[PDB]
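Asks: Letter by letter, the chains look like this.
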Amino acid sequence: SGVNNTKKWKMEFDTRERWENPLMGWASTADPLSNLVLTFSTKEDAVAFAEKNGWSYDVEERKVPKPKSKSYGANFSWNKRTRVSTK
Amino acid sequence: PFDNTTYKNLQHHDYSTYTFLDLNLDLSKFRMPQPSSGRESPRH
Numbered sequence: 047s048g049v050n051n052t053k054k055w056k057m058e059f060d061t062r063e064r065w066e067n068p069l070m071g072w073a074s075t076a077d078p079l080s081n082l083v084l085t086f087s088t089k090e091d092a093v094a095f096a097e098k099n100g101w102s103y104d105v106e107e108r109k110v111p112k113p114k115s116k117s118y119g120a121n122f123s124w125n126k127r128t129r130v131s132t133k
Numbered sequence: 032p033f034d035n036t037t038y039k040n041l042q043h044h045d046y047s048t049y050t051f052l053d054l055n056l057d058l059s060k061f062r063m064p065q066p067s068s069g070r071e072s073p074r075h
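Taken in order, these protein sequences are the chains called Q and s.
When you read off a place in the first sequence, starting at 1, and then add 46, the result is the number in the deposited numbering.
When you read off a place in the second sequence, starting at 1, and then add 31, the result is the number in the deposited numbering.
These aren't lab readings, by the way, just hints derived from the structure by calculation.
Possibly wrong hints are sitting among the right ones.
Over the 10 angstroms line for every Cβ pair with chain s, so calculated as not near, a few chain Q residues [said to hold, decoys possible]:
1. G48
2. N51
3. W65
4. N67
5. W72
6. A76
7. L82
8. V83
9. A96
10. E97
11. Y103
12. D104
13. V110
14. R127
Here are the simulated distance ranges between beta carbons [claimed, not checked]:
15. s/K60 / Q/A120: 33 to 39 angstroms
16. Q/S117 / s/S68: 17 to 23 angstroms
17. s/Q65 / Q/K109: 44 to 50 angstroms
18. s/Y49 / Q/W124: 28 to 34 angstroms
19. Q/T132 / s/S68: 14 to 20 angstroms
20. s/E71 / Q/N81: 55 to 61 angstroms
Ideal placement from N, C-alpha and C gives every residue a C-beta, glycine not left out.
Chain Q extracted, bound-state conformation:
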């Protein structure tokens, strides 16, 4: 439930091939950017960093949980369906 890993913007790159090492079966890669992750305070900062480095980018809007109406008393409604059958 914690939300502390949803505060900052991140930049990541496309995933490329990983293959099995013939000797040990380990996951080999030839992609030098496979583990590169950058943290930014705002979308604008991340976009500016991508442009000056020449990377084409896809920005995705921040998804914020919608505010909800919570009511403990609705659990015992006289005539509504929100009445719970157990606690």
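Position chain s relative to chain Q; hints supplied.
Replies: For chain s alone, kept in the frame of chain Q given last:
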């Protein structure tokens, strides 16, 4: 006369398994109609 030396709650010595529910069934004709929530249950 006035007697304060005997126990006058001896009727329950003759009560049985269905005494309470039989009394509840007898009381039914005196009740007022029950209010309604508008549906058969919270799941309707």
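Asks: State for each hint whether it applies.
Replies: These are the hints, each one checked on the structure:
Against chain s, the non-interface label of Q/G48 holds: every CB pair exceeds 10 angstroms, the least being about 33 angstroms. The claim that Q/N51 lies off the interface holds: its Cβ sits roughly 38 angstroms from the closest Cβ of chain s, which is beyond the 10 angstroms cut-off. With a closest Cβ-Cβ approach of about 55 angstroms to chain s, Q/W65 is found to remain outside the 10 angstroms limit, as its non-interface label requires. No Cβ of chain s approaches the Cβ of Q/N67 within 10 angstroms, the least distance being about 58 angstroms, so the stated non-interface status holds.
Consistency note on Q/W72: stated as away from chain s, and its beta-carbon is indeed over 10 angstroms from all of that chain's, at 55 angstroms minimum. With a minimum CB-CB distance of about 59 angstroms to chain s, Q/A76 clears the 10 angstroms threshold, and the non-interface call stands. The claim that Q/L82 lies off the interface holds: its Cβ sits roughly 53 angstroms from the closest Cβ of chain s, which is beyond the 10 angstroms cut-off. Residue-level check passed: Q/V83 sits 48 angstroms from the nearest beta carbon of chain s, beyond 10 angstroms.
Remark: the non-interface label on Q/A96 is consistent with the geometry, its nearest Cβ contact in chain s lying 53 angstroms away (cut-off 10 angstroms). Listed as a non-interface residue, Q/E97 keeps its Cβ farther than 10 angstroms from every Cβ of chain s; the least gap is roughly 57 angstroms. A cut-off of 10 angstroms between C-beta atoms confirms that Q/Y103 is not in contact with chain s; the least separation is 50 angstroms. With a cut of 10 angstroms on Cβ distances, Q/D104 stays outside the contact zone with chain s, its closest approach being about 46 angstroms.
Distance check on Q/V110: its Cβ is at least 32 angstroms (rounded) from any Cβ of chain s, clearing the 10 angstroms threshold; non-interface status holds. Against chain s, the non-interface label of Q/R127 is violated: not every CB pair exceeds 10 angstroms, the least being about 5 angstroms. In this structure the supplied range 33 to 39 angstroms holds for s/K60 paired with Q/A120, their Cβ-Cβ distance being about 37 angstroms. Separation of Q/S117 from s/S68 is about 18 angstroms and conforms to the stated range, judged on CB atoms against 17 to 23 angstroms.
Our hint of 44 to 50 angstroms for s/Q65 and Q/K109 holds, since their Cβ atoms are close to 49 angstroms apart. About 33 angstroms separates the C-beta atoms of s/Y49 and Q/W124, a value consistent with the hinted range of 28 to 34 angstroms. Checked against the given bound of 14 to 20 angstroms, the beta carbons of Q/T132 and s/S68, roughly 19 angstroms apart, stay inside it. For s/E71 and Q/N81, the Cβ-Cβ distance of about 60 angstroms falls inside the hinted range of 55 to 61 angstroms, so the restraint holds.
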